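S.K.: Input sequences plus hints: build the corresponding full structure.
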Amino acid sequence: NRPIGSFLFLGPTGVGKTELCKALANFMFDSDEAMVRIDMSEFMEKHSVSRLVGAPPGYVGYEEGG
Amino acid sequence: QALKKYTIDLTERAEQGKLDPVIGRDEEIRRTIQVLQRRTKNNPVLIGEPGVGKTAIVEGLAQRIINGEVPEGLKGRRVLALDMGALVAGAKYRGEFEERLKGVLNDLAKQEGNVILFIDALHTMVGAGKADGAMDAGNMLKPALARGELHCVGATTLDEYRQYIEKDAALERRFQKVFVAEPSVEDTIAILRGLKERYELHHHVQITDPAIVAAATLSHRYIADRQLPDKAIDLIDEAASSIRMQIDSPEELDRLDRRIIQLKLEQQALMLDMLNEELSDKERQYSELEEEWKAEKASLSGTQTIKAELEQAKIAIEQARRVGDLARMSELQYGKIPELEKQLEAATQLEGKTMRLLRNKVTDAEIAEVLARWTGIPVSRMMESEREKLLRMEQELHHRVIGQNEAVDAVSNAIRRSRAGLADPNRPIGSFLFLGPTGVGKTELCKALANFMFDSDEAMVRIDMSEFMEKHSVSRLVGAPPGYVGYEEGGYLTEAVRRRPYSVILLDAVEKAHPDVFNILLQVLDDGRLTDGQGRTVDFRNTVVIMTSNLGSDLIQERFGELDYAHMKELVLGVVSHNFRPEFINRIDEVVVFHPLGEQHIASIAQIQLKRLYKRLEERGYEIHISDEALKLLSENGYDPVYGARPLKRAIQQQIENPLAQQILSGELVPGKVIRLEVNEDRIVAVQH
Amino acid sequence: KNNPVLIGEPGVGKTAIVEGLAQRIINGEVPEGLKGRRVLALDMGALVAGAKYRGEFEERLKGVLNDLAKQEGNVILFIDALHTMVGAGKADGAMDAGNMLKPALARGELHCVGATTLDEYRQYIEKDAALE
Amino acid sequence: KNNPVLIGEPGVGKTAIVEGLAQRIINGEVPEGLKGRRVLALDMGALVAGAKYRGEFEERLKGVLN
Amino acid sequence: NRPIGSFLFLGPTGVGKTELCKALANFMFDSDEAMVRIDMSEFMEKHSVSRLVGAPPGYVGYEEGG
Amino acid sequence: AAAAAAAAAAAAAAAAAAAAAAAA
Ligand SMILES: Nc1ncnc2c1ncn2[C@@H]1O[C@H](COP(=O)(O)OP(=O)(O)OP(O)(O)=S)[C@@H](O)[C@H]1O
Ligand SMILES: Nc1ncnc2c1ncn2[C@@H]1O[C@H](COP(=O)(O)OP(=O)(O)OP(O)(O)=S)[C@@H](O)[C@H]1O
Ligand SMILES: Nc1ncnc2c1ncn2[C@@H]1O[C@H](COP(=O)(O)OP(=O)(O)OP(O)(O)=S)[C@@H](O)[C@H]1O
Ligand SMILES: Nc1ncnc2c1ncn2[C@@H]1O[C@H](COP(=O)(O)OP(=O)(O)OP(O)(O)=S)[C@@H](O)[C@H]1O
Ligand SMILES: Nc1ncnc2c1ncn2[C@@H]1O[C@H](COP(=O)(O)OP(=O)(O)OP(O)(O)=S)[C@@H](O)[C@H]1O
Ligand SMILES: Nc1ncnc2c1ncn2[C@@H]1O[C@H](COP(=O)(O)OP(=O)(O)OP(O)(O)=S)[C@@H](O)[C@H]1O
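Residue numbers (my numbering), protein chains in the order written: chain A, 5 to 70; chain B, -11 to 677; chain C, 803 to 934; chain D, 9 to 74; chain E, 5 to 70; chain F, 26 to 49.
One thing to keep in mind: the hints can contain errors.
[Stated by the list, open to error] List of simulated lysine to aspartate or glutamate pairs, EDC-like, C-alpha gap at most 20 Å:
#1 A:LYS21 / A:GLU37
#2 C:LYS929 / B:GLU483
#3 B:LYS282 / C:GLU831
#4 D:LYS60 / C:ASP894
#5 D:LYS60 / B:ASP124
#6 B:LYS80 / D:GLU64
#7 D:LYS9 / C:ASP882
#8 C:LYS929 / B:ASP147
#9 D:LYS9 / C:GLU811
#10 B:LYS155 / C:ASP894
#11 B:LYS285 / C:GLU834
#12 C:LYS892 / D:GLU66
#13 C:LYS929 / B:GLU148
#14 C:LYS872 / B:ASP71
#15 C:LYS803 / B:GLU37
#16 C:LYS929 / A:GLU68
#17 B:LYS(-7) / C:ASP869
#18 C:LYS803 / B:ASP218
#19 B:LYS118 / C:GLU861
#20 B:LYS80 / C:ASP894
#21 C:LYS803 / B:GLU357
#22 B:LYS500 / E:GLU49
#23 C:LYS904 / B:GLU37
#24 B:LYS80 / D:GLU67
#25 E:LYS50 / B:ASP452
#26 C:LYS904 / B:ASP213
#27 A:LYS21 / B:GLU571
#28 C:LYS803 / B:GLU226
#29 C:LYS892 / D:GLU67
#30 B:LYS118 / C:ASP894
#31 B:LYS285 / B:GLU188
#32 C:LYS892 / D:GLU64
#33 C:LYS904 / B:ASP222
#34 C:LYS837 / B:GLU239
#35 B:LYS(-7) / C:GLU861
Calculated directly from the structure, the hints in this document are not laboratory data.
M.R.: Encoded structure:
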């Protein structure tokens, strides 16, 4: 029913959070970016959910999906 | 049989060897051999993200077939590549497409599994050649696809696959999803070794192998744009071509040829002389250079012909491995290979002696040059003019920026690590926060870095951040997410980096925005990636981002004496800690403090402004000198602690240009009189003497 | 990949750089490897205009490609408005110019010269990834 | 680059400015490089008579240019 | 580099300030209606700066400017 | 005896925009 294991990380930054996830990606898949690293500062506003899920049909954002 | 008339035989051109050696892939070629060898739906289609060698994988299949390196059921097959335009071409009358198509499918029936049909760009075929009275080219094949009466090999890019095939999910599920991976570093290394052989077969030249692995490393690092291996192959081919053209003509021979034809024209205009002797000497020198050039060309030509004979011997021993003559194998080997290889290496070391104005290899400098003219990131190794200009760094700052030694030091350090290679390949080259009271360089050093690094003032991507007091104002630097307004033309920024990815980005006046604008910069100064709305990524690991505020201005005017620089930095660090978020400035390499100006600075500044003033009045047609006492008056005029250097500027502007242009458009000033700006009693007179 | 495409802000004379290349060929001032070559300009509009029938555009284009095969690496063909050839014969459920040329350029077999405008580059090409 | 464009907010009769240019051409109030020209007007919509078929529009336009 | 003048006028009421700048225009442009008279007291809360700049992309005033 | 042909009859879609219009 569920994904494999979800996580929230905490603590003041630079203690190896993003780097821990990149190290997972270097392990499991042998790249840093071959992983989905979407920082959330793209998403400070209500409308840009369409940057990830996408545009509903019948517009210009219909050919690149999400 | 229209199978002749509308296809390409791959198998012939593979046997003719017009195709390329295909390395790796044995899992993936295996899995294709699987999906061909089924009962229903023998149709794999290569989903491949663009350029990872999809056509190479189908070619590698066909080359293994001609080799016979496969399972037995594919031994003896055919593979025929399908020109869709050949199927469309003559169909001026109605129905003719359908005739050609059904005839080819019935001949595919009549060849009885011998021919494995190939389609590149299968998203073309879905709705191909159709009109109102048509059969639309999807409908005609889909039952044969379901029942496997056909062996279609497909190859299309992911984006076209989504957009163009799965607009009918039935004609998606008829096929089979065969995912091509990303080839890695070492994959690229192997594939480049094979096509290194192939490209030296073409381009008559020599390639260093550590240069190849350098090309792979650099292409993986510095082009966000295609995918591997195709970009490193691109680097190989263009560096080989640059070598070839530098062989094809010499630069010093061109300059000496311009020299000798200049001397010839001068002598013919003269008809003491000695110009005849100088012409004879320069023609002798040019002839010596020419004859050396020709002889080493001939050496190269012999080396390349015997390299080609080595390749033809390799061709013959592969023909013998196909056919199976027995003593011919060891005969051709032990005859052709070692003696031609050792005198190939003897001609190679003869070149390595003799090559003087004259290149024969592909080393890492060539790859770096092709890269640094391919994008503009300065990776290529220094000319010493460039290296001493990088050692004329700070002097040429002080020809714009008086004082300000802290940030002079730090910015010099940053650009040194930029060229030095010691940079992080994970951050942008320097994160920079600038502090000082208003007007002591916080724009000026940045225009100076443009004027030094790029040698032009207003080419620095100056996202003035005055405007951004509202949390709207991210989307005018990372675009607008689709279906909204600013989808088809992006943000201001992601253009302004993915154009020219070595460019200084000022964020002027950081503190006067919204407080959290700056989490965009959390993405930036960690990792250099910043993805706008339209899908696309931006690397920032070849630029320099500099931020300017004036926060500690009370503290800077307060305690500029009586403290070290360490407690100054610490105390203004506490100030920014009161102001910025603790996520943020941890991503900053150095906060410097601009220090307030003394008067000799102001004198120097006024001098520079007089220099550009004299430049302005030069095209006007007027020369001016000054009293140095008048400069001392302006020193007395243009000092205040509270404001820095702008009151000098407007004071100069008034007290000079208003009487000056007053006298000018008093219609008075004939040019030629170099105008002493000697003083008035408190003003400054402009005189005509 | 025998094909450069010229990108700038428009105006700065990309068509001029192609013609100056052509003159330095005609002057015999280029290095030798492309001496004696032809440089010809390709119209989109000459190809498109009559073909209101099915498939005739593809036949015009393929006959030109086979002429270019027949000249055997002697003619440096030029296309202005590369972003025009993206949607050139992009007809209803038919073949455009692109998805015919997309094999015919990454086999080395032609030597097209590109001249686009960077905003139309973003409009019409880095949408359309294979040609890019 | 022989082609300048006329500009403004409407209701100013730029149409009539072209007309008066043509009338001065009739009257010969022009310099000696335009005496005998042909001032002809054409709608873009005039060639949108049959806009379904392929190249038909463009064949009209190229025939005009020839 | 800098724009040409920059002037923060001080004075009490009705001493001709607006009329000064209008007399400047009526000299220079032979009218008062060639000036950019952005009437500043509309702006009493912050976020009407988009009246003068434009609206950032993906809000309303992107086709129009400020 | 005269035969037929097959025509293009090609055109495009019509698109929309969509506009956020922020609260505060
Ligand atoms: N255990 C660790 N091993 C290696 N590097 C580490 C470790 N902890 C911290 N770092 C370094 O500190 C930084 C951690 O990077 P990130 O993971 O991005 O920071 P973070 O912990 O994710 O928090 P933010 O969101 O980035 S401030 C990097 O520069 C790492 O090099
Ligand atoms: N394993 C490989 N062996 C040899 N050449 C390869 C290999 N992988 C990639 N290439 C080269 O990379 C290029 C791949 O050409 P193509 O396969 O046509 O590109 P693609 O992957 O098919 O993407 P498209 O459909 O052509 S846009 C050619 O230059 C090949 O020589
Ligand atoms: N070291 C310097 N040498 C020469 N001119 C300088 C120097 N420092 C400042 N200036 C002058 O400073 C003027 C602009 O001050 P700015 O540096 O733009 O103000 P700031 O330091 O950027 O703080 P802001 O941006 O104005 S709030 C320019 O016209 C320069 O002539
Ligand atoms: N380097 C140059 N040397 C001489 N003339 C030039 C140069 N660059 C541009 N020109 C001239 O300036 C004009 C530029 O015309 P174009 O070549 O059309 O410019 P363009 O960049 O192609 O404009 P677009 O982008 O095609 S609309 C022509 O008159 C050229 O002759
Ligand atoms: N000098 C003039 N003498 C006589 N009539 C004039 C003159 N200037 C303008 N007009 C009239 O003004 C009418 C309207 O102006 P137009 O030039 O047609 O408006 P416009 O700005 O050109 O936009 P359109 O498309 O032409 S309505 C013209 O049709 C003329 O009849
Ligand atoms: N020296 C002057 N010459 C001409 N008219 C003047 C002079 N001084 C004042 N006025 C008049 O004073 C009025 C000034 O109008 P405004 O400039 O709009 O008022 P104001 O100067 O804006 O004052 P405030 O501070 O904004 S209420 C006009 O009616 C002018 O005619």
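S.K.: All hints, please: hold or fail.
M.R.: Hint check:
1. With a C-alpha separation of about 15 Å, the suggested pair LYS21 (chain A) and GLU37 (chain A) falls inside the 20 Å cut-off, and the hint holds.
2. Simply put, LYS929 (chain C) and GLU483 (chain B) have alpha-carbon atoms about 14 Å apart, close enough for the 20 Å limit, and the pair holds.
3. Using a Cα cut-off of 20 Å, the hinted pair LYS282 (chain B) and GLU831 (chain C) holds, with the two alpha carbons roughly 19 Å apart.
4. Using a Cα cut-off of 20 Å, the hinted pair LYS60 (chain D) and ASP894 (chain C) holds, with the two alpha carbons roughly 10 Å apart.
5. Proximity of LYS60 (chain D) to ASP124 (chain B) is assessed by CA-CA distance (about 19 Å); at most 20 Å being required, the pair is judged to hold.
6. About 16 Å separates the Cα atoms of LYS80 (chain B) and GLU64 (chain D), which keeps this hinted pair within 20 Å; it holds.
7. In summary, the hint linking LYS9 (chain D) to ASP882 (chain C) is supported, as the alpha carbons are separated by about 18 Å, within the 20 Å threshold.
8. For the suggested pair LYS929 (chain C) and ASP147 (chain B), the alpha carbons sit about 10 Å apart, so the restraint of at most 20 Å is met.
9. For the proposed pair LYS9 (chain D) and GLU811 (chain C), the alpha carbon gap of about 18 Å is at most 20 Å, so the pair holds.
10. Restraint check for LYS155 (chain B) and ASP894 (chain C): satisfied, since their Cα atoms lie roughly 15 Å apart, inside the 20 Å limit.
11. For a cut-off of 20 Å, the pair hint linking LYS285 (chain B) to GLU834 (chain C) stands: about 14 Å separates their Cα positions.
12. Under the criterion of a C-alpha separation no larger than 20 Å, the hint pairing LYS892 (chain C) with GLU66 (chain D) is consistent with the structure, at around 14 Å.
13. With a C-alpha separation of about 11 Å, the suggested pair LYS929 (chain C) and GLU148 (chain B) falls inside the 20 Å cut-off, and the hint holds.
14. Annotation: proposed proximity of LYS872 (chain C) to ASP71 (chain B) holds, straight-line Cα distance about 18 Å (limit 20 Å).
15. Restraint check for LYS803 (chain C) and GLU37 (chain B): the C-alpha separation of about 18 Å stays at or below 20 Å, so the hint holds.
16. With a CA separation close to 9 Å, the supplied pair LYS929 (chain C) and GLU68 (chain A) stays within the 20 Å bound.
17. The straight-line distance between the Cα atoms of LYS(-7) (chain B) and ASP869 (chain C) is roughly 18 Å, inside the 20 Å bound, and the hint therefore holds.
18. Of the supplied pair hints, the one linking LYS803 (chain C) and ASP218 (chain B) holds, its CA atoms being roughly 10 Å apart against a limit of 20 Å.
19. About 15 Å separates the Cα atoms of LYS118 (chain B) and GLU861 (chain C), which keeps this hinted pair within 20 Å; it holds.
20. For a cut-off of 20 Å, the pair hint linking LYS80 (chain B) to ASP894 (chain C) stands: about 16 Å separates their Cα positions.
21. Of the supplied pair hints, the one linking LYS803 (chain C) and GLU357 (chain B) holds, its CA atoms being roughly 19 Å apart against a limit of 20 Å.
22. Our distance criterion of 20 Å between C-alpha atoms is met by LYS500 (chain B) and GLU49 (chain E), whose separation comes to about 16 Å.
23. Of the pairs offered as hints, the one joining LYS904 (chain C) and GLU37 (chain B) holds, with about 15 Å between alpha carbons and a cut-off of 20 Å not exceeded.
24. In summary, the hint linking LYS80 (chain B) to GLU67 (chain D) is supported, as the alpha carbons are separated by about 18 Å, within the 20 Å threshold.
25. At most 20 Å may separate the alpha-carbon atoms for a hinted pair to count; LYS50 (chain E) and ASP452 (chain B) meet this at roughly 18 Å.
26. With a C-alpha separation of about 18 Å, the suggested pair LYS904 (chain C) and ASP213 (chain B) falls inside the 20 Å cut-off, and the hint holds.
27. Restraint check for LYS21 (chain A) and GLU571 (chain B): the C-alpha separation of about 13 Å stays at or below 20 Å, so the hint holds.
28. Our distance criterion of 20 Å between C-alpha atoms is met by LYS803 (chain C) and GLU226 (chain B), whose separation comes to about 10 Å.
29. A C-alpha spacing of about 16 Å is found between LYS892 (chain C) and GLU67 (chain D), which places the hinted pair at or below 20 Å, so the restraint holds.
30. Pair hint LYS118 (chain B) plus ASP894 (chain C) holds up; C-alpha atoms about 7 Å apart against a cutoff of 20 Å.
31. With a C-alpha separation of about 16 Å, the suggested pairing of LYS285 (chain B) with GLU188 (chain B) holds against the 20 Å cut-off.
32. Using a Cα cut-off of 20 Å, the hinted pair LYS892 (chain C) and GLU64 (chain D) holds, with the two alpha carbons roughly 14 Å apart.
33. The straight-line distance between the Cα atoms of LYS904 (chain C) and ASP222 (chain B) is roughly 17 Å, inside the 20 Å bound, and the hint therefore holds.
34. Our distance criterion of 20 Å between C-alpha atoms is met by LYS837 (chain C) and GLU239 (chain B), whose separation comes to about 18 Å.
35. A hinted pair counts as satisfied when its Cα atoms are at most 20 Å apart, and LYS(-7) (chain B) with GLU861 (chain C) qualifies at roughly 15 Å.
Going down the numbered hints, you'll see the structure goes against none, and every one checks out.
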